[PDB]
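Place chains A, X, C and Y with the ligand on chain Z using the hints.
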Amino acid sequence: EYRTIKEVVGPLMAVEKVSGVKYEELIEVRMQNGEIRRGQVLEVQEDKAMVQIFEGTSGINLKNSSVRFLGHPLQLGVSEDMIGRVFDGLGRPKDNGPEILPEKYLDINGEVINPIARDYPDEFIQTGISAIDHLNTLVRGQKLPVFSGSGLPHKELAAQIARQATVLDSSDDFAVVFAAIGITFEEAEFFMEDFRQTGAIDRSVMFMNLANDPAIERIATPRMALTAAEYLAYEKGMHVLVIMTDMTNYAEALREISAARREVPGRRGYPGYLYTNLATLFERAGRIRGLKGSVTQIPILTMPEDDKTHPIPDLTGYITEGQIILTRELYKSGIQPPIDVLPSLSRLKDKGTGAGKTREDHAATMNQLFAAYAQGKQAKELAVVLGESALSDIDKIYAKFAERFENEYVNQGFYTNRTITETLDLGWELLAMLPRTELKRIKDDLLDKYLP
Amino acid sequence: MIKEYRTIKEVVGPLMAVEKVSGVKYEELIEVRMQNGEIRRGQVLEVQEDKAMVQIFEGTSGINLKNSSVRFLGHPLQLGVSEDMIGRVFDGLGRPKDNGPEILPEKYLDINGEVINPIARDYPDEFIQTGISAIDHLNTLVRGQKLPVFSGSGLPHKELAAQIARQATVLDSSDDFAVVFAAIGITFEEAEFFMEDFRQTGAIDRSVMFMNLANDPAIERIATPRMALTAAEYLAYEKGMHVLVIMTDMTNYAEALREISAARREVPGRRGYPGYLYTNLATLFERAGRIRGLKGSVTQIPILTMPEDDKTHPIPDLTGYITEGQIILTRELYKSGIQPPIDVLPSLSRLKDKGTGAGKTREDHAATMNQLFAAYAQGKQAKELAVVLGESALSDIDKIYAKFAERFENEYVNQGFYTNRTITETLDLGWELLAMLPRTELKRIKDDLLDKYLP
Amino acid sequence: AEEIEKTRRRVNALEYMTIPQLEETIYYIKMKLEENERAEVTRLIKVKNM
Amino acid sequence: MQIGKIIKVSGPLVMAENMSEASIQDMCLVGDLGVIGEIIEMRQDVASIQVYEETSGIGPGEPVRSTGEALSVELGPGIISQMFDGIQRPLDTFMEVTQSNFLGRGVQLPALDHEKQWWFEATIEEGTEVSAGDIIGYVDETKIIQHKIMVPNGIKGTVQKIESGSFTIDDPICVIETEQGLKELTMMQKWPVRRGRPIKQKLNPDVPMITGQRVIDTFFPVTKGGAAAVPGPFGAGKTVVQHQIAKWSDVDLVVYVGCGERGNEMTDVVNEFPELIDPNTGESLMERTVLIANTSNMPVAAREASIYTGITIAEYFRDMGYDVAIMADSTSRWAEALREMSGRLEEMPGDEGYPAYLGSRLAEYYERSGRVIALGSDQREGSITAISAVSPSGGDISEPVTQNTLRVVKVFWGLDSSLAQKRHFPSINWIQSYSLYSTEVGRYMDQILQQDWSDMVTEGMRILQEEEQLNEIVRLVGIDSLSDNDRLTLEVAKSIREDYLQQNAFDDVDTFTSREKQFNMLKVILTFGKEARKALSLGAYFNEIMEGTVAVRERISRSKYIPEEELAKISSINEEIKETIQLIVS
Amino acid sequence: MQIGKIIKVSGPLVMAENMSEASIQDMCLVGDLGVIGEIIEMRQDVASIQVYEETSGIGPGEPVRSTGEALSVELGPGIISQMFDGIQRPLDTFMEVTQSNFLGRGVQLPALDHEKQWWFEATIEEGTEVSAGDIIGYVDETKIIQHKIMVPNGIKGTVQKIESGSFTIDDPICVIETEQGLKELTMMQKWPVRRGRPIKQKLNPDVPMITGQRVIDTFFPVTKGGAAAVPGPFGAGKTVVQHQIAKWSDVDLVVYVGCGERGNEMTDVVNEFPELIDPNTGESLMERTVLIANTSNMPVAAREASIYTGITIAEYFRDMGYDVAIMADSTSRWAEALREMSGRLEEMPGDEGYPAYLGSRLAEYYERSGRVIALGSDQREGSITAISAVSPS
Ligand SMILES: [Mg+2]
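Those protein sequences? They're chains Z, A, X, C and Y, same order as listed.
Take the first sequence: its position 293, counting from 1, is numbered 293 in the numbering used here, and each next residue is one higher.
Take the second sequence: its position 413, counting from 1, is numbered 413 in the numbering used here, and each next residue is one higher.
Take the third sequence: its position 8, counting from 1, is numbered 8 in the numbering used here, and each next residue is one higher.
Take the fourth sequence: its position 139, counting from 1, is numbered 139 in the numbering used here, and each next residue is one higher.
Take the fifth sequence: its position 86, counting from 1, is numbered 86 in the numbering used here, and each next residue is one higher.
Fair warning: there could be bad hints in the mix.
In silico PhoX-like cross-links for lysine-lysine, where the CA-CA straight-line distance does not exceed 20 Å [stated by the list, open to error]:
#1 422/C / 443/A
#2 295/A / 335/A
#3 569/C / 446/A
#4 443/A / 494/C
#5 8/C / 9/A
#6 5/Y / 17/Z
#7 63/Z / 5/C
Here are some chain X residues the structure puts well away from chain Z; computed CB gaps all over 10 Å [claimed, not checked]:
#8 1
#9 12
#10 20
#11 21
#12 22
#13 24
#14 31
#15 35
#16 37
#17 40
#18 44
Hints listed in this document are in silico derivations from the structure and should not be mistaken for laboratory results.
Every residue, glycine too, gets a C-beta built ideally from N, C-alpha and C.
Bound conformation, chain Z alone:
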């Protein structure tokens, strides 16, 4: 143990004349009063070593305080007893339940999966939400994020998915790994209560990091969660669904620790290595040849100023296979969940649809509904620019279509669980507004069978 502390500059501390200290090594700080405070090495030198204290540096006398180097980084204790438990960002118990004896301790950075070892996403995931299941299908092993904004109900959305998500058939059922990143207690308490009230907790593992928690803990949170996820999926053969929020808060913790090392930022004040960082996180998903389980990621982020060009939604869309987008315009109109299907995309939907997974009219009706909805909004706009009179009788239908599409199809409620059968047959009832003539993007092999 070293009682050799040189400087304290803010929450950052300089420990001198050490040796064998590694980067990102966990440390322990015993202050003069006996109080124990834990920290992590951010920078390590010749004979100096810089650390950040998680719980701050208030009331520290450095001449009289010592530092212990734990000789290991942030690790995660894993067991199959994690299911049904609620932890904090570091993976320590938060539910006041029977403490867990880990099987082994793993590093939380994972591994880069060999390109020729990955397996294609195959299975359709029923989220129970029409706007997602039908128009932007989630497939087992995908990374399909949710682009939201401040004051937007992504909270209620995330809770709904975690609650309704299921695969058809496949009796072996889901392990939800929910990670909360730098959110308020009031919101974390919502998630924890919602999981208990419905019983989703018993098939779930929670990593709950709060807003006034250490930045270092916010950063480790999604890495810990995915580590537990990969353990359950690739060692225990479970199919794992990972929901993380808020990703925007993750980048901010990255910036805070980046400025400590005096690193000159890149685009819009974010680290140059943000891409690699986010890539390292979001790529930890999918299937692997010769293994049973899977990892499915739904990263949730809040776009600052509702701006899609912002680094965080911009770089995430590069790594993830599509995105679900929540708009304020839909929210303000009472549409919940406020999913705007037009900028929304699922790049793997073509894999989790069709007979044997969903009905044969899935990909077909999706395209038609998407088209008619765009023609509906154009029609509604026409009736304002030119007026009532310029509308064709086919235009008035398309307008009425989009209005019903928003208020009946998209607007289902955060507690309504729709089977893909109910969703598909709903989408047909809406196409029934249109004359059979207009549905030209579907075959009439399919049309004569399902058209109301």
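Just chains A, X, C and Y with the ligand now, with coordinates in the frame of chain Z:
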């Protein structure tokens, strides 16, 4: 004992570094005795170990490091204040400029002054009739208020500032205003306009002037408004005067700060301006108002030109965050022939409520203000919507609002720089313009007043 | 004929006045934005050096 | 003991050597004047100190003495109706002692009146096992507010000796037998302002606060224990809104923090508030208020202190079981204060110059608010509702302070320049603004009123949104081609804006609107729209409807000025609307 | 060569002393773990190293081994029908050797098999004076392509001993009497990926490549040695178009390069291409294809070196006289790796965050493509046609 050192380490621009130095305090006044015997006053910006960083007000032109010395006077920058300053004209450091008698200082004052205890403050609510309808009614100035003018280069803000000073008076009193004028980096003509105006009205004998012109050293501009405000606070609280302070151009002050800031290689904020611009500006503008138990008062009317006519620029934006409202002049209204060119919509007075009403101006002041504001905004909207889509393209009740907006600018706001309207006239004029709108549209005035005043 | 002229006015008012206003108000903003990004990054480089 | 020596002075930042036995965040006496400071950094024996007072005239060589304790507040009777400065100095006592109308230096003042005699009422009985938070008795500090004397944190034992009577806050009113020995307990307890006062458990704030502000209570409500931010440009009206909430909210206590703003505004509060009497309560508004004032031209570092001394005081009264509202005007100045210091230390800044840990700080603050079960046997309910003002440069909410704030607050009251310059007050942007409490408050309201309230708010917001989607087209194609349905929509949305949203704070009737008056006003407005909607469906024309509804639409416009005892004059409008509308179909 | 000593670890930056014998842009093995790094700066003996893998667990004292060379590629038999990453890590070999599904940190495996026996067929004979380029023999690497053993650059002289037989890529097949003395040639040569392989002369691409795609061959033709940009919006069918180009273009070899692509998108490529069929023979396209595969989470250096590794291989087979087609997807993601390296090197940003030398780097890549006269007495003629996909935000 005179503390002096012959050990100047480095000279860079307005900054000077002195080494092997002892007992020197922060913000200490200093004199550089240049090799030619010329004296140049300065100020300690920073003290560490045996080293001292000082800013030279007159600059460091033609200075030889070896043969120069620095005297440390053992006190901050002070102003010799006296009631003898009335009618006198001083330069940026408070030194006489009008070639008159020597002022015999009653006392000396730290030009930084002291923050008035918030409990000791007396809430300013005494209505000042400026004679300008755009102000007296819609953006009411009260005695002890900080109400600046937001202008631009080539705009008539000096004409407005001079008119306010000529026509400012409270009601039911024989009081006048002691005027403290601070010139900050403004040109000769800009200065002589005020000089000649104060003479043609005799206000020059009720005034104290601190003049930093465009040919004066830029660093002097930092001390200049503090000199004026120290004179103001002295005359007001120690000599029981109601002081009206006018400072222009506040922009030049900010750009002086940035010069020193940049010279010091300080961590730059927006556009090179320091991170302490808000605080530094506030320590000027918060130096105004009334004090409980004291008869005097300080009323600040700073003038700044918005760079690029953009009020999201740091200087006007931060000022707006400090002062109690603002009077904005737009170039569009100036070209239209509006005198004064006051755009009432982005203009504001945060002290108009308790200063107006029954017993202060009239019972219908607040109501007609809100109704004129609403109608003008709607009327101006309709005006722009008719210039781009034609008169026939607009609703019949909105053309009325358009005819109102035009008439409001040309007859209410536009009054001339030499016209002094009583509040009663201004208010009665306001009702005249409300009459051209239907009674049913006046939703911000209650039927109490409508029956009583609406013609 | 009057409806044509009213419509013509708005077509013209939009094509000649409104759209070009928008078009390089946009262009102005995008270049002001990139002007400041490049200004801030040059600031931070100096702050790291000091 | 140890005396440090100054080696550098620059602005509020002082660096001194020989401070090795001192600690981080310790309070300090700096210089010969003995001004108050805080150790923020420590390199070897050299301490970096930020000074909460002016440093002009202080140089190297001068002594520095550490108090050995961090910035704290005195929590006891004598705090209500008092105005303190940033570091909790009684500004009126300051005025008396120094015999000046200004703020000097090196003046040490005890926070509370230590010689004032209060009557302590022993409610607890001797021989009772106590722990942190237990009420041993109370003092009637005001007529309404009952100041409760709780067992300080860290104290656990048995009540051995306690009695009622008249004491000062220094006289030991109670004694406790602990395992470490007998402990004397006063009515005052000290607490470090940068450490949250511990609770038993945090709860979800589900009870909506009554602010009487129609736009807030109806569309963007905040619950007791909730958190709200009011970002806006200068002249938008952030302060007036916070004052409305301060004076009309149904909370027990109000803590107003003047942080880096105008002195006259604080002066407005000490004079206006004592003359604002609640008839149901009977008592003054100042007798439920605490003021913390650190004006713009006051010491910069004291801005952060004002924020923390304010929230800690709120936590103290929260721990008694009171619902407390804490106003922060403005949080930007606090942020600007850090940024100022961040640069003086030449750190690597975050975006727009602020420190990269700006978000963490704000997070620490707002998380100290909330509805909680306070410590103690009684398990009392207490809440802290945080209302913060944010002052972004040029109203550009893209800035870090607003952005970091919106990540932790649940209510966003976005102020707009356009509304403000249209005299649309409160200038709240109803399209940008939001409340994450709308759903829950909606359930509460539906139950209390036994009306379909949630539907009305949603419909109200839907119409306001549809107006926005209609305006963005009308702005560049004109008014000409709008169908009767859309113009009706605009007329309803205009009614929501002008007859419901706009609310004069300086009016006597309009300054406050009850929950039941809000329901009636909104009902009337939507009723007109819905009944005129049906008429349009029956061949009636839009302009025929407006022509015949001039009278009844006026009653809607002047509905806001209807007295609280005559609400029947609003419910009746529903009948006239339906009556007049169908007569137009003739 | 000297082994370094880490004296500082900070983020992706590693500083190490005793690097005095090393060079700039040298590829390094940092730490006990030996993670991928590169020498960016060097004061005295102290090197500033950018580590392209996680530096967690790394600290002062640990050694640094320089590879004594810039980022390079092994060129020779065993390279066709293979899949590598950006820095030419054999993905199949990883599966076998490491016996895992992961690209482990600090794992270094040679690009080619250095133990596999090939039949060497000598075409040249004794007493023949050879210059760089001249084919001394050939080896049938696959059933489609004949791999031609060339004499490496910087080597000239008379062949003193050469014979046919079964050799590996390390055994001496030819001995050349040079001016320096007697040098023995192997079946493999190394080459840095950011230095273009020398030619005798660059020529105009005036011969149209036959794609069979009517819209291309008719209205928007590309010549052998030309270059084409292809936007890739979702649901456009770029994958179908790309496959059609790769198997129908009259090119001898195809070099596909994946740059920081989505994991699941990369898996489609890495699997649907061995499914492609060479129409002239009927075997997989892989028989005349070299595939570069990089996912987003892979080291930024690999993402950024992807198109350079690919075209160096292209240049290599080009020098044999073959017509190579280099196909990069996506170059916009490649630029991301460069943008990332720009901010990490704390350079002065150019447009939209890209480094000010983006244009140069793009020019450098595309100018290496084209029809050339390969070095050698035969003056052979080969070409590289570039089809790059741009998928912008
Ligand atoms: Mg305010």
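Quiz item: Can you name, in rising order, the numbers of the hints this structure does not satisfy?
Solution: 2, 16, 17 and 18
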